[PDB]
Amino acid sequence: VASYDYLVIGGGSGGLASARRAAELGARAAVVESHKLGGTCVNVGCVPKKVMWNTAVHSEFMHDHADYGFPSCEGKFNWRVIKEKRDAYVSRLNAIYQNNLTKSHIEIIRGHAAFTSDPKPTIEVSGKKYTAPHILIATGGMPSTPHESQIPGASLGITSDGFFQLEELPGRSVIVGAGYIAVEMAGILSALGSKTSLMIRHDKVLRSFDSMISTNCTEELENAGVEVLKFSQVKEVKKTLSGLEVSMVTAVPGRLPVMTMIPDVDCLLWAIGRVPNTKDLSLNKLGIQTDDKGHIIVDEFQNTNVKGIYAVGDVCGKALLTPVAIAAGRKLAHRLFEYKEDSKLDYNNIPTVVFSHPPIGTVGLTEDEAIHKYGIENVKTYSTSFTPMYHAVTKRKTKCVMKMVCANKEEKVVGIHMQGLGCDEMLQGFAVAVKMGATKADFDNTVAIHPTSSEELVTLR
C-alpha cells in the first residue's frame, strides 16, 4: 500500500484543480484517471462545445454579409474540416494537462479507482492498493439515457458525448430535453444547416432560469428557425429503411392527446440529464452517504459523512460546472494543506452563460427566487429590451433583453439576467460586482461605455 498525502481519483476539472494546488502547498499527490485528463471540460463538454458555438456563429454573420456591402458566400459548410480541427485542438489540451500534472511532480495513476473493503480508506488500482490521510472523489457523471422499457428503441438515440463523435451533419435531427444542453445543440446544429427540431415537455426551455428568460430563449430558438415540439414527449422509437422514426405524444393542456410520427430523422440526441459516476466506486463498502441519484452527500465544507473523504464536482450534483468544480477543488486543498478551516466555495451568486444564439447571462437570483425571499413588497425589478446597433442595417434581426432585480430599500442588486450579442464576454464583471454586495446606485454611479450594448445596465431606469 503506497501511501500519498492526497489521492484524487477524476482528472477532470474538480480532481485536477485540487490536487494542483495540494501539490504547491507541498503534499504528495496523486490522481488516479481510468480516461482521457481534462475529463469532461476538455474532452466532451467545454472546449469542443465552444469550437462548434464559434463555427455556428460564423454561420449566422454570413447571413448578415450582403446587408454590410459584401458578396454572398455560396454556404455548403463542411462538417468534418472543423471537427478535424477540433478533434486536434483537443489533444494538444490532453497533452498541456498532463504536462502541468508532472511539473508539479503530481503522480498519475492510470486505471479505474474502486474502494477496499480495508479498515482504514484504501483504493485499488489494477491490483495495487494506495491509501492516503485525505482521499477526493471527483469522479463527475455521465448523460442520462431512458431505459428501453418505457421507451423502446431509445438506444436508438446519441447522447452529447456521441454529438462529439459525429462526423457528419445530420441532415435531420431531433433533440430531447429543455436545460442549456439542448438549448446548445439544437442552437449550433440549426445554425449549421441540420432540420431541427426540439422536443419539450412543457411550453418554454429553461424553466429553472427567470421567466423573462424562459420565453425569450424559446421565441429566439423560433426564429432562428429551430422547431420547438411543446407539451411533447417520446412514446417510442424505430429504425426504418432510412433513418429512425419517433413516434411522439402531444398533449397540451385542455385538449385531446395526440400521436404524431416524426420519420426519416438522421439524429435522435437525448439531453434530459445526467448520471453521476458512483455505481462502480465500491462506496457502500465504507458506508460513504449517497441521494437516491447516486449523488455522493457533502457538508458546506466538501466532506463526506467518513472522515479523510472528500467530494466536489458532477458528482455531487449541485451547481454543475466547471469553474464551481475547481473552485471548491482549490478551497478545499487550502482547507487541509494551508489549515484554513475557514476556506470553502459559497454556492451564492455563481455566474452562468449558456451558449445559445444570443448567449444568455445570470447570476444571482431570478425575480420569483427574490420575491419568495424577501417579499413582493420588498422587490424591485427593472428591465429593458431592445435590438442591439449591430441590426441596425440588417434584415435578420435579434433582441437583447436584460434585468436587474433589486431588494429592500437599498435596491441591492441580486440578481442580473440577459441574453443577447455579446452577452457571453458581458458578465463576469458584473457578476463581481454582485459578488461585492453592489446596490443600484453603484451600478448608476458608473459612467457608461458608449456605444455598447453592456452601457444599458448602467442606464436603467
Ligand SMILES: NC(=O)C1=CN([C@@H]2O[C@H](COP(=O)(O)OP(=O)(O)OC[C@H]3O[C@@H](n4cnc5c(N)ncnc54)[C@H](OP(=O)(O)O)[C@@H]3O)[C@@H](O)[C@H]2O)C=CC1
Contents of the next structure:
2 protein chains.
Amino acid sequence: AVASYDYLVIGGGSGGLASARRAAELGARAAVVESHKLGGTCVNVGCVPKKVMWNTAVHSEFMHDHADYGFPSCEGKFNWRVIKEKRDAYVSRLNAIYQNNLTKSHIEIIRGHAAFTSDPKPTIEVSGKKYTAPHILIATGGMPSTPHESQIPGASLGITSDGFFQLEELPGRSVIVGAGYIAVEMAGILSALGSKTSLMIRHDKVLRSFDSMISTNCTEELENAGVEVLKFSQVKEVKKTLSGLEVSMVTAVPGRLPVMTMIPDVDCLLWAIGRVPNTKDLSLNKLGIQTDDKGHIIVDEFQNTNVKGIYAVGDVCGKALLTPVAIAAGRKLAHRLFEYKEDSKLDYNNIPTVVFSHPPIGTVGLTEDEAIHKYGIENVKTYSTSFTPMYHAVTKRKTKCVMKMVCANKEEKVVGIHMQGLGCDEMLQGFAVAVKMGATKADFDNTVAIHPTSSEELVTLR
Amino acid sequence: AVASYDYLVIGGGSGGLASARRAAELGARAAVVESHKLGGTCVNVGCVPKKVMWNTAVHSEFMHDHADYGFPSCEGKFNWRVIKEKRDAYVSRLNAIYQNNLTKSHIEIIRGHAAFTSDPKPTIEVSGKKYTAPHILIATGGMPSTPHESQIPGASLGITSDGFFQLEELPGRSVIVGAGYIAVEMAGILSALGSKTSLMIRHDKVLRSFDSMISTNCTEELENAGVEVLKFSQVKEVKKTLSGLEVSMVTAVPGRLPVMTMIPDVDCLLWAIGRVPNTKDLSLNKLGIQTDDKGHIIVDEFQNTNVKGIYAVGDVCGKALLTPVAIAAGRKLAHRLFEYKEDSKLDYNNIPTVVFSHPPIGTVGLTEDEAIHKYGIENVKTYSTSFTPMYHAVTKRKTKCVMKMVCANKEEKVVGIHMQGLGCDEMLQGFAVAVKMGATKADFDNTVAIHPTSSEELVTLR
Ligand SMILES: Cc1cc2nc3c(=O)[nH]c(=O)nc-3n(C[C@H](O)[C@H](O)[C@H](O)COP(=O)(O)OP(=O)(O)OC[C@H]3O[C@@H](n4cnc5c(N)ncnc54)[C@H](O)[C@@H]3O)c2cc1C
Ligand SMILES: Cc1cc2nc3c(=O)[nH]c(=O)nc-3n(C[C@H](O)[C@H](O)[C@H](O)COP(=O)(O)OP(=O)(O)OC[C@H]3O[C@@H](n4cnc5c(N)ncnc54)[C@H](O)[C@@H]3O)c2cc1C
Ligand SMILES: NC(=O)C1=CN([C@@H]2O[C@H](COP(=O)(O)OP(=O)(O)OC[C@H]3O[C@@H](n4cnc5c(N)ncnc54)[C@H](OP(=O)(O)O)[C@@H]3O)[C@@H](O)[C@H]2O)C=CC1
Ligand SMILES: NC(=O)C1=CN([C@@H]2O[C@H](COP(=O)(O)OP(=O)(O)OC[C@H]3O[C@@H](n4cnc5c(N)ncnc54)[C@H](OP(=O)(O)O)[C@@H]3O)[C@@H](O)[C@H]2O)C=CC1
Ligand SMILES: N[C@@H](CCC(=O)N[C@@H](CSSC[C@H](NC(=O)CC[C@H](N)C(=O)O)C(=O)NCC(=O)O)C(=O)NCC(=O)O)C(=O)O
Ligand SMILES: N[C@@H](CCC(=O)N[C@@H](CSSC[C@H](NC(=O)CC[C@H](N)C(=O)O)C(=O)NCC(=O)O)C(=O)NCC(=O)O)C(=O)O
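Could you present the same protein in the form deposited with this ligand bound, rather than the form solved without this ligand shown above?
And the full complex, kicking off with our chain again.
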C-alpha cells in the first residue's frame, strides 16, 4: 500500500526543512524523509560547528593582543576537548529544535533512506514502505570529495571536513589541501589554535574565483598569520609512518623546475577540494531524472527537474552551495506550488557570501573582471581603499582592511562590493540589500557615515 | 592692515577641517583658525580616544569568556597607564596628520583665538592681527556642561569627559551622572575595566530619546554587566572627604517617598549631562549674529547665519552632535559656496547613530512612536526579534541581540531600524544606505541572508 501526501521532501537539511515548513504553512500535508540527523550539513558538520570553531580561533587572537591592551598575558594552553564537548552539545540542542519545528508544524518525519521506485507515478520507498505525492522535492545535499586511490595512493589516510568535526584533539601538524573557502577556513582555525599548519594550493593564491583583490589579500593574510602557503603544489602519495603520515608533494612553480618534497610527521591531512552531490543511491534512473556527469540534479530556474512533479533545491544541484540559498530556493518553491505563484523563484544574482577567514571576507555581486566582461572596460570604474582598523592603533600584531566598490555605466551603479577586514562578516548584509535595490555610488555617498567604524569607509570612497 | 581670503574657517575640528579641505579642492584660498589642537573634540577628547577605551573594555570581556572557550583564564590585573600612554600617542599621530592635511592642501593655519570685530565688513582678529573673507564659517564646537555651584554646591569637584581623558589611573569607585550616550559609554568602559560603577539617572531608563526598545534593553544590559543604575536620582551636593568625594543624592521614585542617600568614598564623579556651544568669547554681538538662549548659532537649512557671508556648522549649532554630520554639512556648504551648487545642503533625516555600549547599539530613522505620530497608528507596523548570538552558545556570560524594524503604509516602507547586540556597530551602515534609498520590507526580504551572522536576522523578520 502507498501513503499519499501533498508534498514529500527527501532530506531534512537547510533546504528541505525550509521548503516543508513553508508548504505546511500554506496547508500542504507534508512529510520529510531523513536518513541521519535533522539540520543536515549546516547544523551537524557545516556552518554551525564551523562558526563555533571560528569564534574559538578569534579567542586565540584576543589572547595575543591582551598585553598590548594593558592586561598581563595569559600564558597557558588551549584545550580542544573543552570546546569540542560544548560544540557537540550545541549541535544536539539544534537537532532537538528542528525535530520540534517539524512536529509543531504537523510535518511527518520519515526516518530512513529514500529511493525512487519504478512506479510510473513518482513514488519513493523507505525501509520497505512506499510514499507518493504530486510534488516531490529532492533536497539531499552533498558530501566532501576525496581523491581516488588510483590517482593518489594513500588518499584515504586523509580526512575531510566531516572528519574535522570528529577530531578529539588538536593535531600537532596539519596539511590542508585545496584553495576554496573551506580550505581557507579550516587552515585558519587550525593554525590560530596552535597547529603547525600548511595549506597546499595548485596555483599562487587562494579563492581565485573571488575578486582579484580578495584572492591576493586573503593569501597575504594567511601567510602573515603563520599559515605556510605551499604554492603550485599537489599531493602525489600519502603513507602511514610511525609518526603520523608522510605526504609526498610535487611543486611546479612557473619559471622553475618541478621538485618532489616529502612532508613528514603530519598528524592531520585534510582534503578540502570540493563537494559531490548525494544522488548515487536515489535510483534516479528508475524515473529518468536528469543529472550531469558529476551526479548533480539538473533543474530549470523554477527548480523543476526534467520530470513533472519532481523538484530539486540546494547543494544537490551544484549551484551556489550556501545554506541561505537552499532555504530561499526552498521557500520560493513552496509559494509556487502551494500558493500558485507561478513567477515565484530565487534570483541567483547578488547573493552575498562571507568567508570566515582572519579577518573575515565579505562579497556581493560582480568581480571587477566580471563587470568589465559584461559592461565593457570603458564602462566600469572601481573605487578602493586599504587601511589599518583603529583596533590595531595600539597593537604590535596587525591586520588590514581592504575594500573595493565596482561601478557600472555613467550613473555608477554599484554592481559589486568586495572586502576583507575586522567586522566585514556583520557589515555586508545591509550593503547587499542596497546592491539588490540597484544602489548607485551617489546613494552610498548620500548616506551619512557612522564614526569611528570600518563600515564608514564604504560610504566615503573617492 | 587686513589679510583677505576666499574662505575663513573658525575652528579646526571635524567640520572646519572638512569644509576647508573641500573648499581648497575647488580653488578657494582658505585659512583655518585653531586655538588648541587640530582635530578638535573628535580626535582629542571624543570619538577617537573613546573608541580606543571601548576596544579596551571589550578586552575585559574576552578575558571573562576565555575559560569557556577552552583556554586557562588570565587572572592578573588591568594597567590603565599602559593604554593611556598608547592612546595619547595615537592622538598625537592624528594631530600631526591633520596639520599635514591642511599644509598639503595649501590651507593657512592661524594659531590663536578668533573673535569678530565691529568692522561692518565681517572681519576677525587673532592675536591682534585682522583677517577677512566674503565667506566665514563658524565651526567652534562645544564643551561639556557642568552644574553651577549655586545649584549643586561642590559640583566643581566632579570631572567631565574632558577630565576622563586626563585620568592617569583607574578610579576605584565611579559615579557617572546623566542618561545620554556619553554617560552610557563612560559608565560601561569604567565598569568593564574594574571600577565599582554607578550611573545616576533622573528617570527609570537611559537613552529615553531613542526607541523605547533600545532604552529598555540598554538599561537592562547595563545592570546585567554590573553597572549600578540609580533610578529617579539626582545630586544635591558634593563634598571632599578624606577618602575621595561624598555625593549627596536625592531619590524620588514614583509611588514612594523621596529619600536622601550619601554615597561615600567616590574617586571619580563624572558629569555627563549635556554640551554647551563654544560661542561666549566670539564677540558675535559685534555683528548681530543670532543665537538661542543657550548660545547656539542659529542657521537655516543651508547653514547660513542671519548675517550675509557668515555660516555655521557642527556642534556649535546644537543639532545632531556627531562628527560625520559636521563633516557632511561642511562639505555640502563648500560645494554650495565654491561650486555654486545652490541646492547643496545636508539632509538631517536618516542620520545613523551607534552607541558604543556593551553590546553596541545602532539606530537609523524614526522610533516607533515617531512613526505613529507622523503616519498614524493604523499605518505603522513593526517587526522585531530577540535572540542570543551564537558567540554565547558556549559561554556562561550572556548578552542578547534585539532588533526592531518600523514600517509605514501599505508598501511597508522601512522608516526606522533599531538594534542592540554584538556586531551592531559595523552592521548598521549598509542598512542606513537602504533606508536612505527608500527600501521597503520586500527589499529586505528579497535579499538573501548571510549565515551564520546576527545581521541575517534583519532580512528574515516575519
Ligand atoms: C565545512 C562546511 C562549512 C560551511 N559553512 C557554511 C557557512 O558558513 N555558511 C553557509 O551559508 N553555508 C556553509 N556551508 C554550506 C551549507 O552547509 C550547505 O550549503 C547547506 O547545508 C546545503 O543544504 P541542503 O539542504 O542542500 O543539504 P544538506 O543540509 O546537506 O541536507 C541534506 C540532508 O539529506 C539527507 N539525505 C541525503 N540523502 C538522503 C536520502 N536518500 N534519504 C533520506 N535522507 C537523505 C542528509 O542526511 C542530510 O541531512 C558549509 C558547508 C561545509 C561542509
Ligand atoms: C566623549 C565624546 C565622545 C564622542 N563620541 C563620538 C562618536 O563615537 N561618534 C561621533 O560621530 N561623534 C562623537 N562625538 C561627537 C563629536 O566629537 C563632535 O560631534 C564633533 O567633534 C563636532 O565637530 P565640530 O567641528 O563641530 O567641533 P569640534 O571638533 O569640537 O572642533 C571645534 C574646534 O574649534 C576650536 N575653537 C573653538 N573656538 C575657537 C575660536 N574662537 N578660535 C579658534 N579656535 C577655536 C576648538 O579648539 C576645536 O578644535 C563625541 C564627543 C564626545 C565629547
Ligand atoms: N565571488 C563569489 O561570490 C563567490 C562565491 N563562492 C561561493 O562559495 C561556494 C563554494 O565555492 P568554493 O569555495 O570556490 O569551492 P570549491 O569546492 O570549488 O573549492 C575547492 C577549490 O580547491 C581547488 N581544487 C579542486 N580540485 C582540486 C584537487 N583535486 N586538488 C587540489 N585542489 C583542488 C580548486 O581551486 P584552484 O583552481 O585554485 O586549485 C577549487 O576551486 C560557491 O558555490 C558559492 O556559493 C564561490 C566563488 C565565488
Ligand atoms: N534616535 C536617534 O537617532 C537619536 C540620536 N541621538 C544623537 O546623539 C546626540 C547626543 O544625544 P544624547 O546622548 O541624547 O545627549 P544629551 O547630551 O542630551 O544627554 C544628556 C542627558 O542626560 C540627562 N540630563 C540633562 N541634564 C541633566 C542634569 N542637569 N542632571 C542629570 N541628567 C541630566 C537628560 O536625560 P534624561 O531626560 O533621561 O534625564 C539628557 O538627555 C544627538 O545630538 C544625536 O546626534 C540622540 C537621541 C536620539
Ligand atoms: N574609520 C576607520 C579608519 C581609521 C580612521 O578613520 N582614521 C583616521 C582618523 S579618524 S578621526 C578625524 C575625523 N575623521 C573622520 O571622521 C573620518 C572622515 C572620513 N575619512 C571621510 O572622508 O568622511 C575628522 O576630523 N575628519 C575631518 C577631515 O577628514 O577633514 C585617519 O586619519 N587615518 C589616517 C592614519 O594614517 O591613521 C576605523 O575607524 O578603523
Ligand atoms: N543567526 C543568529 C542566531 C542563531 C541562529 O540562527 N540559531 C538557529 C540555528 S541556525 S542553523 C539551521 C538553519 N537556520 C538558518 O539558516 C537560519 C534561517 C533563518 N532563521 C530564516 O528564517 O531564514 C536551517 O537549517 N534552517 C532551516 C529552517 O529554518 O527551516 C536556531 O535554531 N536558534 C534557535 C535556538 O533556540 O537556538 C546568529 O548566528 O547568532
